[PDB]
Amino acid sequence: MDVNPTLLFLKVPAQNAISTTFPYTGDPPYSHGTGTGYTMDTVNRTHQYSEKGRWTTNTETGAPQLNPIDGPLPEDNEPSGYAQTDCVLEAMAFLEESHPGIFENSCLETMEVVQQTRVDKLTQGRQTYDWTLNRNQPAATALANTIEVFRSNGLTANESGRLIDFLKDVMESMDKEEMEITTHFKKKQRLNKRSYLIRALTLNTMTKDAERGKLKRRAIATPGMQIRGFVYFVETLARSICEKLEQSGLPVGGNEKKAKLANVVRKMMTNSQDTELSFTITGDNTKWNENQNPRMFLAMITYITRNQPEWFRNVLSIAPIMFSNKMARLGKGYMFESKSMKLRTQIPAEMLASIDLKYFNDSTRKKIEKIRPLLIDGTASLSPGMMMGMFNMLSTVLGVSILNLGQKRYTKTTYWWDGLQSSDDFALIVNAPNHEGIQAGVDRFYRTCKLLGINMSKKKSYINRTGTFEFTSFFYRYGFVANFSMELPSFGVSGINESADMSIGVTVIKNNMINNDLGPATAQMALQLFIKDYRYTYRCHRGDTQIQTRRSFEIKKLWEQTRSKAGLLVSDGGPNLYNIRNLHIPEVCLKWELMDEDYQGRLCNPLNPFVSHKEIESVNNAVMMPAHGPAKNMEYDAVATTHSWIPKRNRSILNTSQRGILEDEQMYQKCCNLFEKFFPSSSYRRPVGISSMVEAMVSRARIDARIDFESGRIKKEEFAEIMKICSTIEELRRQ
Amino acid sequence: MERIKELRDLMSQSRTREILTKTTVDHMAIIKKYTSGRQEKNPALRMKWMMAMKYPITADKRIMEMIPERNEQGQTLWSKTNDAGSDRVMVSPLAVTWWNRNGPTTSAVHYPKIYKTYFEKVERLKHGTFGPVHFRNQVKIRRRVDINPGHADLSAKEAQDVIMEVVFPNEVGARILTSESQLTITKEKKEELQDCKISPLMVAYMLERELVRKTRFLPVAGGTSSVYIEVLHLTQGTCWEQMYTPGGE
Amino acid sequence: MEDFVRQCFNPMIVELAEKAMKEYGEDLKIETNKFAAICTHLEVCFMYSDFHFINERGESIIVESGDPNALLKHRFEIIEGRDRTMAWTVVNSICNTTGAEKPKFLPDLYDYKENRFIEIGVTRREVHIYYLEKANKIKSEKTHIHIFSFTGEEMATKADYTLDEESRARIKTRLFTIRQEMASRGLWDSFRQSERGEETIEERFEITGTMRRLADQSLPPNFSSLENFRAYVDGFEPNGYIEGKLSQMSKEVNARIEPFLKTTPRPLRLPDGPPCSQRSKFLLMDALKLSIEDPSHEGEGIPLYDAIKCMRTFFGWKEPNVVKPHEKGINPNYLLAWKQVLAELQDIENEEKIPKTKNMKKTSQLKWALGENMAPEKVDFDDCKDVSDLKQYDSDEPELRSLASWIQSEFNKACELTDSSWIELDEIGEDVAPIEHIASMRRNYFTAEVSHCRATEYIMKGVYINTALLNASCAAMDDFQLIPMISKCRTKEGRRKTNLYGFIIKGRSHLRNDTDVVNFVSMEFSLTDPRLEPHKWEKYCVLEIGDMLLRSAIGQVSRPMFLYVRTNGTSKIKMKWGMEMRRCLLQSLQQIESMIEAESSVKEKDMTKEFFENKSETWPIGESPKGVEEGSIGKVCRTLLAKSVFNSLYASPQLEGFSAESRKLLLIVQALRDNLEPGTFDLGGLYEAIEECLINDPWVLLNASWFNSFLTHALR
Amino acid sequence: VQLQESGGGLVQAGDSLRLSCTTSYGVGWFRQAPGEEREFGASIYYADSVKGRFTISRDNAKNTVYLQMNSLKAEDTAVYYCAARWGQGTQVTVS
RNA sequence: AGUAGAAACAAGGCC
RNA sequence: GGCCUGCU
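Chains as they are written, first to last, in the authors' numbering: chain B, 1 to 185, 207 to 756; chain C, 1 to 249; chain A, 1 to 716; chain F, 2 to 25, 32 to 51, 58 to 98, 112 to 121.
Possibly wrong hints are sitting among the right ones.
In silico DSBU-like pairs for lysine-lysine, Cα to Cα no more than 35 Å straight-line [as the list claims (entries may be wrong)]:
id, chain 1, residue 1, chain 2, residue 2
1, B, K235, B, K391
2, B, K635, C, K80
3, F, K75, A, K626
Just so you have them, the derived chain C footprint on chain A, three or more residues with Cβ under 8 Å [as the list claims (entries may be wrong)]:
id, region
4, 121-135
5, 604-610
Bear in mind the hints are in silico, worked out from the structure with no lab data behind them.
Every residue gets a Cβ at the ideal spot worked out from N, C-alpha and C, and that includes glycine.
Throw the hints in and build the complete structure from the sequences for me.
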């Protein structure tokens with residue numbers, strides 16, 4: 001007899017055992033080298049899906065741009081980006097009519113937010129492409145570098161501390177004859214108008230790793246800092262709009278998505294009488310981002326912001342204006358090998374414009390030949406369409422408009438449709454009195470989608486009777502069925518620290534028990550395995566064992582020293598008291614009454630040199646990138662113990678010409694620590710104002726010395742010493 | 001005394017003097033987050049990879065003057081080589097366990113008073129009474145429920161001023177809290193935590209967690225109470241219901 | 001008017017007033033009289049505060065110039081002259097230290113004698129109105145208020161004047177100096193009434209310059225300016241434009257539904273080529289175990305001593321010789337490496353105490369076997385351009401290979417029971433709730449079912465091997481290291497036992513990226529002759545190292561005993577994911593527990609015990625030439641565990657792609673079997689998407705064969 | 002799947018023979040000599062010892078697989094079994 | 001050689 | 001041969 005697990009589906013329905021079809025117990029695919037090939041392929045594919053448009057050359061950037069809008073209507077089922085302006089404007093108008101007051105309200109709240117938003121909001125972001133160094137750097141670092149360059153060039157309106165003022169300075173920089181940047185190898210280099218325009222309109226391309234569910238790798242993009250404020254405002258407007266649309270599912274979580282899917286299916290099927298047939302289409306959109314033209318987003322926003330202050334319209338329109346002229350950096354480059362001479366070489370992507378094509382294979386040779394005409398200063402113009410879901414929410418708005426355009430008031434026919442859209446994925450429930458009606462409805466829906474630059478993937482889509490469908494790895498079969506294979510990768514040690522890892526593991530087990538219908542015995546097994554892996558990872562074994570490690574000696578002496586050994590934490594080699602009933606309690610508090618007072622005091626000592634807290638945002642928040650989803654943050658319950666240390670940093674900056682960044686880091690951190698000691702609320706509430714550091718610090722020294730004498734340790738001798746030391750630092754700052 | 005003294009020492013050197021002079025208060029946050037350290041994409045892989053090194057964690061410089069450089073057999077506990085972009089020094093994990101067996105001891109009696117939420121959870125569970133398990137299909141319907149069982153009927157911003165006035169009374173600014181509920185909360189949490197020396201930031205964070213109301217969407221069947229939702233994993237399942245009554249009731 | 005503040009007042013005050021001007025964001029060129037008025041207010045604040053000191057008594061000491069001493073206390077300490085944030089900082093600090101009441105508006109000074117605030121304001125109008133005006137602005141105030149006015153008069157409540165009168169003569173002399181100096185200037189046409197409390201501003205975000213031209217190039221094809229396009233949008237109204245283009249659009253743009261029937265789906269085609277080879281990092285079906293029967297636990301013990309003790313338990317060693325060559329390497333190197341390992345093992349046996357971890361010598365043998373100094377040296381392009389052989393890295397579709405029957409048998413025997421327990425679980429909090437007791441009983445049942453399973457043994461082998469390899473790579477980056485493959489089990493009798501499959505030599509492991517490869521050489525004992533399925537051992541070199549005698553009724557077999565030696569490699573990501581193989585247990589048993597719960601939701605009672613003991617119900621878990629064979633729930637547990645283990649062992653992008661694109665077709669087939677009239681828009685496209693994932697991986701090809709068999713058995 | 006073979010018997014060397022297997032999928036023809044286990048003949058690919066001589070074919074409408082043997086040798090002498098992915115086999119004796 | 005698979009590893013750089 | 005780094 002030959003064993004075959006798949007035959008199990010002959011008795012258990014597919015959805016009731018779908019977890020077996022998710023090989024999420026092995027290493028996910030990773031990219032190894034350059035992503036330049038993928039970037040070039042994506043650029044060429046985006047440009048050839050809109051080949052029948054019209055070509056122009058921008059007078060500012062001098063780059064060739066392709067406009068397919070209002071182009072010839074498609075005559076085949078292949079992907080097409082020839083969106084029609086009038087059709088999309090009409091779709092938005094119908095969306096407004098079905099939801100009166102949506103645009104005006106959303107614009108009002110967006111106007112409030114834009115005029116009260118601060119610059120620091122831009123620091124709350126992941127890697128961004130700093131143009132000062134032409135590389136990806138943390139959002140805060142890139143923002144600081146750009147602000148420094150602007151201030152050195154004379155653009156100091158951002159000193160007002162307002163994001164709108166920062167954007168005003170950004171736009172004013174566009175009209176400058178010559179800017180100056182700094183490079184280390207420090208050298209001051211001058212950038213002319215066109216070079217700075219291209220550096221501000223460019224995107225950095227990388228390869229996406231840890232992407233499960235496809236054989237081929239893809240490319241993703243990261244924009245600069247000049248354009249992120251406009252993107253933030255536009256996405257704020259789009260989120261405020263989608264929050265008023267029940268057909269959208271992008272700005273919500275997973276459980277809300279499931280609830281809305283259940284509600285829509287029940288509404289569609291229940292209202293349908295015996296005569297009407299119902300069919301569900303589990304649709305995926307092929308080349309979703311490559312076929313969405315930024316000009317059409319400009320049209321949608323300018324229709325949304327009608328009868329609004331002109332400044333609001335301008336600030337919200339700046340973003341799509343820059344995306345329509347966006348450029349993409351090709352990537353890291355290409356690495357060549359010569360086996361005859363036994364050597365390797367790494368050529369940067371910027372040489373692709375001039376480098377001969379003898380080194381490249383046929384596929385890459387043709388890709389380079391096709392993309393060369395669009396190469397301007399080492400970057401390729403990508404006007405026709407978006408690169409990687411930067412305007413997720415606006416795309417969801419367009420999809421929701423398409424979904425609502427079939428409310429049976431615009432169809433003007435017996436058939437009708439509804440459903441749920443989340444960018445690149447949708448479920449469409451279509452009802453009609455007969456199979457011919459369903460066919461006509463789906464055909465018209467597809468045709469209308471093709472008029473908006475949205476394509477339906479026929480290969481990854483199928484239609485059945487309502488009651489069974491899929492949506493973003495959520496399988497609905499007369500009710501959503503748990504999978505538990507999507508969350509399997511999150512059952513190990515997170516990698517934050519000991520206490521954080523313990524709390525995160527127990528909380529993940531608890532949550533997957535609540536949401537993903539994890540069984541009790543399975544949860545106990547998960548707890549046991551997690552504890553085993555945790556002890557084997559942090560070298561913290563039970564203590565009563567003879568497992569020799571680098572940490573087994575101190576742990577054993579602590580074990581033999583303690584009297585009530587049941588109170589020792591698993592991190593210190595103690596027994597595990599966790600169970601299904603204790604999954605919502607931190608380890609420290611669960612073992613508090615069992616700890617010896619000496620060990621308890623040594624553990625939770627504020628003066629410990631290991632605990633370090635930076636800001637209110639990073640107290641008990643851990644960023645865990647979930648499998649098959651975007652990066653997410655979790656609140657984990659933990660007590661600040663000596664085990665809450667933060668791990669070592671990379672330390673490879675020491676071998677790079679960018680070595681002075683570490684000295685600047687140290688000096689900035691010293692100044693920030695001094696300010697915090699002067700202003701204790703610096704972390705919890707970020708200080709605001711327009712004065713400089715030393716003014717506030719010296720003046721508060723004055724006052725605090727005064728009052729702490731009026732009652733406290735200070736003495737006249739010390740108070741006068743502080744006053745004249747303040748005068749000394751004053752005259753020092755003078756010179 | 002000291003604080004202004006390292007201030008003067010910083011202003012002595014030209015670079016830090018320039019940083020202090022030209023940098024305005026508003027930019028405080030930016031430069032504080034200014035770092036070359038990228039946020040890790042795969043934390044688990046490197047935590048499993050770094051812990052195999054010697055000196056994998058980081059600690060303040062003060063550790064060099066509280067913990068000896070080596071233990072009884074000579075296993076090193078800390079190194080004097082500083083981190084990449086900080087004055088902290090890289091140290092071995094043993095320096096943690098050492099601190100828990102011969103490090104300085106204090107009076108942790110006030111931690112229960114600080115971490116009110118967690119200890120209240122423990123007390124509620126310790127006095128709970130279980131019941132028979134009933135096996136029948138559960139119609140889990142998804143609903144918006146409040147998870148925090150100690151929220152004082154305050155929002156984030158609404159309680160943020162209360163938290164500042166409780167911890168940072170001088171940086172409150174214009175705001176003087178009007179609602180009398182906030183008055184009593186301030187009085188109680190002021191007299192209760194009058195000399196607690198854990199940290200201002202952690203105290204503020206835990207006060208925010210305790211007082212601020214927070215809500216999330218979850219699949220529930222029955223219950224719906226704040227105390228009954230924290231144990232939602234233990235009382236409700238796919239085909240079984242476990243009757244439970246927390247210690248509070 | 002600004003010429004006056006150019007002339008008279010000192011710098012300090014003028015820049016203080018200029019920063020106060022910047023504070024609230026209004027411009028000085030439009031209205032300057034406010035600047036002069038508030039700078040005079042600030043000047044009176046200074047001149048009233050300075051020159052006034054106190055000592056330990058009350059009765060302020062007044063000195064025209066502060067002498068060098070600790071006695072420089074200031075009688076009145078200023079509030080204004082600071083930012084709003086700091087003004088409120090001082091207010092709150094004074095309130096919290098003085099125990100006084102917090103005012104709602106900005107004071108100007110604080111004093112000790114009377115322990116309270118002073119709000120100085122000198123207005124153009126006479127005092128006896130401005131005083132009570134600001135008084136009714138401030139609610140129930142105990143802070144004393146004092147104001148002057150140009151005529152020279154003073155006033156205050158309580159008839160209180162807080163310091164010397166010569167200072168006030170100073171104030172009013174300053175005051176009339178101001179007055180009869182404007183007399184020379186001539187400003188009272190507006191000086192009395194120049195500020196009325198104007199607060200208004202309009203936010204301006206103007207598109208101009210280059211950024212405007214960009215806006216003119218981001219419009220539809222037939223538009224010339226953003227102004228015109230916005231006007232058109234504002235004037236646009238729906239007039240049935242979607243219908244017109246829908247009618248005009250070609251009818252070939254359709255989404256016709258192709259019915260999906262029993263005869264529609266065709267079997268997935270498998271690639272053809274040379275048979276598929278073995279990819280695992282260790283032997284799974286052909287492993288052999290040398291044991292000692294020690295009482296130590298899994299992690300307890302020292303590796304090298306245990307390995308040597310286990311190997312000494314076997315007698316019959318012969319001089320090794322080549323049996324099956326690598327066919328691409330230098331087998332004599334493998335032979336010499338094996339003999340070197342034996343020699344150095346003896347060398348450890350001789351000395352005092354077995355080292356916890358041993359380093360081996362870097363001979364040419366393992367230099368070749370571990371691929372040392374073979375990475376091409378990195379150079380610059382400007383120095384290597386004329387080399388004809390210089391080209392890209394080989395980037396093409398992997399070699400095509402057809403499925404072989406060995407993977408099927410390997411999976412078959414990976415789901416079989418064993419004579420040992422390969423899982424020793426940790427401790428949990430004592431169960432207190434009845435649901436916890438039910439969970440514990442279920443868990444005990446599953447552990448009894450799966451512990452005696454080859455899948456669990458493979459899990460432990462992989463976890464231990466990858467953990468040791470990762471730790472050695474991170475610790476001994478430079479020097480080659482010896483690691484014996486160790487796994488500890490427990491017999492039926494209950495006696496604990498150790499097992500030594502072989503050895504692993506780890507090489508240089510300077511791993512920077514998650515994809516960087518660490519090469520090692522693995523040696524494993526076995527009894528399976530490699531002359532029967534050679535195509536499965538394409539990358540192995542197999543020697544003959546001894547003879548084994550296992551008790552059998554046919555005299556005694558005296559079988560040969562071979563050594564499978566190969567060069568393999570891994571990476572940080574692969575090591576990390578292989579050291580988390582225990583979650584296969586989770587996956588499998590979660591699936592089984594979901595089955596049990598779903599069935600128990602029907603009958604209102606827990607159904608675990610009868611499922612595991614009666615074994616009445618069975619699921620299709622394989623096909624025999626007679627037909628489909630069904631097994632008890634325990635066999636399903638073992639089968640799913642083996643499937644998860646093989647997923648973790650043979651993981652690859654092909655597996656992910658095939659899994660997704662075959663789950664799609666499985667859902668379609670399930671819809672067909674449920675009588676839900678399934679339909680497809682392009683089924684050929686889906687088939688081509690599935691078939692492109694099957695290239696050379698044995699596991700994915702076996703999964704595809706299983707899928708074809710399931711289709712054949714289904715659709716009936 | 003039940004299978005019955007037909008068409009075996011005693012034949013001359015250099016003679017011909019058409020085996021047929023009726024069934025109740033890919034099919035195979037395998038043979039078993041008196042002194043041995045199973046030998047692959049053909050599938051629907059032919060073995061080295063029978064290539065060019067022998068031809069395998071099927072009628073999916075008749076539910077039958079055929080094996081046309083020609084130019085037979087004394088070394089073809091075996092029970093020829095039909096298999097689906112086993113028949114009882116049909117005796118062929120060449121002499 | 002080996003790992004791996006649309007491009008890489010099989011140490012890097014600095015003296 | 002000596003020293004530096006391992007997400008920069």
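Comparing the hints with the structure gives:
no.	hint	in the structure
1	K235/B <-> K391/B	holds (26 Å)
2	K635/B <-> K80/C	holds (23 Å)
3	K75/F <-> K626/A	holds (22 Å)
4	121-135	violated (count 0)
5	604-610	holds (count 3)
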